[PDB]
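Could you have a look at this structure, given as structure tokens, before my questions?
FYI, not all chains are in this one, though none of them got moved.
Order as written gives the chain letters A and B; numbering starts at 1 within each chain.
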Amino acid sequence: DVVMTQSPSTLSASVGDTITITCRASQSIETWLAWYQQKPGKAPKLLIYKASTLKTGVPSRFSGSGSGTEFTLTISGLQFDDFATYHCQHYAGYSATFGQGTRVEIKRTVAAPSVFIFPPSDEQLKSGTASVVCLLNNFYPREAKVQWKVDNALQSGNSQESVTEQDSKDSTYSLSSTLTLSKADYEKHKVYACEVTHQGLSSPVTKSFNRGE
Amino acid sequence: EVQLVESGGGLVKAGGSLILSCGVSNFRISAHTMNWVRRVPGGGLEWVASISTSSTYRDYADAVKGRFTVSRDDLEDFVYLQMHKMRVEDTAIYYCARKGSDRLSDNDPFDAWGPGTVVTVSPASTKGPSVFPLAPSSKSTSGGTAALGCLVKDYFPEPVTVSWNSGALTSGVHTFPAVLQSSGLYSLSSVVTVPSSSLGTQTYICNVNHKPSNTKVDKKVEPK
């Protein structure tokens, strides 16, 4: 019955910066607060507990403060290994509750995605399945929206997306979305389109193709 | 180093059940409260369940209370999570995490985590069958004794019921037990033998009813 709210959801900074993450509790929790680090596809790692106690082995550039309803995690001198998601946690004797997470990313200039659409290969179509792939290349920041339209009809639930980590040389992201349809359904319609929005684009960009061209 | 490892993830149909387990290395669980936590696709963590030492208390998140059960086996160092009546929003990476610190107290953080196991709940809890005709052989014997039927393929879950001509044709009918295909969908065939002489005159329609998806299909079976 305690709600924890972290701020911000995405924090963008440069290497060497000092950054602060805030965590707020809907009611007093004394100093029963812990901070975790988590990298994509990895396990969370405990950083701080009892609001300000550093776990042995955690670098001294991590520190925490606060009590009552307002808590802070400070990272004094960001290193590349520190770009990750950070979670605050109220922990009680038997249960716990987490904030929504804060993603810490490398700041760079805004970059619009380069968009490409690929029809299914003839080989795949002969097996009875059509995978249509949309590519968003080298964009920043990570927030983007991809929508599928088939003959201008918005699709829902028949696509999957995945996103790379920030590129080691240009700090951009890339994203792939796959729309999957049966041979029967794919040959029922003509126009297949990927519609893209991104902070680097002043208006949405749409790439499309006509089946069989 | 302390280690934990989850087992049992995979694909589940909405409404179905899946059970996870957690084993450990280089410590005994008996002194620790053990927890399950999941990371949802949006990126945030959600506490799921906890079990105190000696299983004195089991506490659950509101979203899973009444559907999930946590158990501990302190003698062989396992934790379990039963997940029943599963919902699409249970889709997540599930981690097994111990509550503890350098010196155990009444309230410690989560100092050790497993790598996680992926659990994926697909939105469709049912799927109606495809019905294809089993056409009688054009090379039948002249005088009688012909076989025809319907193939009821790719449906979930069981059962399907089949009749012929709305129940007027019963003699000679065999509806076989379903087989579970490698796709996780069921498939069965229903056949009937009739006089070859009736081909052309008697109309033969198999009535497939699939109550779980409330799907009914009537397929007409004809020569060639």
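Following the convention adopted for this analysis, contacts are C-beta pairs under 8 Å (C-beta built on N, C-alpha and C of every residue); 3 or more make two chains touch, one makes a residue touch a chain.
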item	value
Protein chain stoichiometry for the whole structure, using the labels that appear	A x2, B x2
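Everything that follows uses one rule, which is that only the chains that are shown with their structure count from here on.
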item	value
Touching residues (chain side chain A, partner chain B) in the complex	32, 34, 36, 38, 42-46, 49, 55-56, 85, 87, 89, 91-101, 103, 157
Parts of chain B lying in touch with chain A, wherever the complex brings them together	33, 35, 37, 39, 43-47, 50, 52, 57, 59, 95, 97, 99, 101-102, 106-111, 113-116, 123
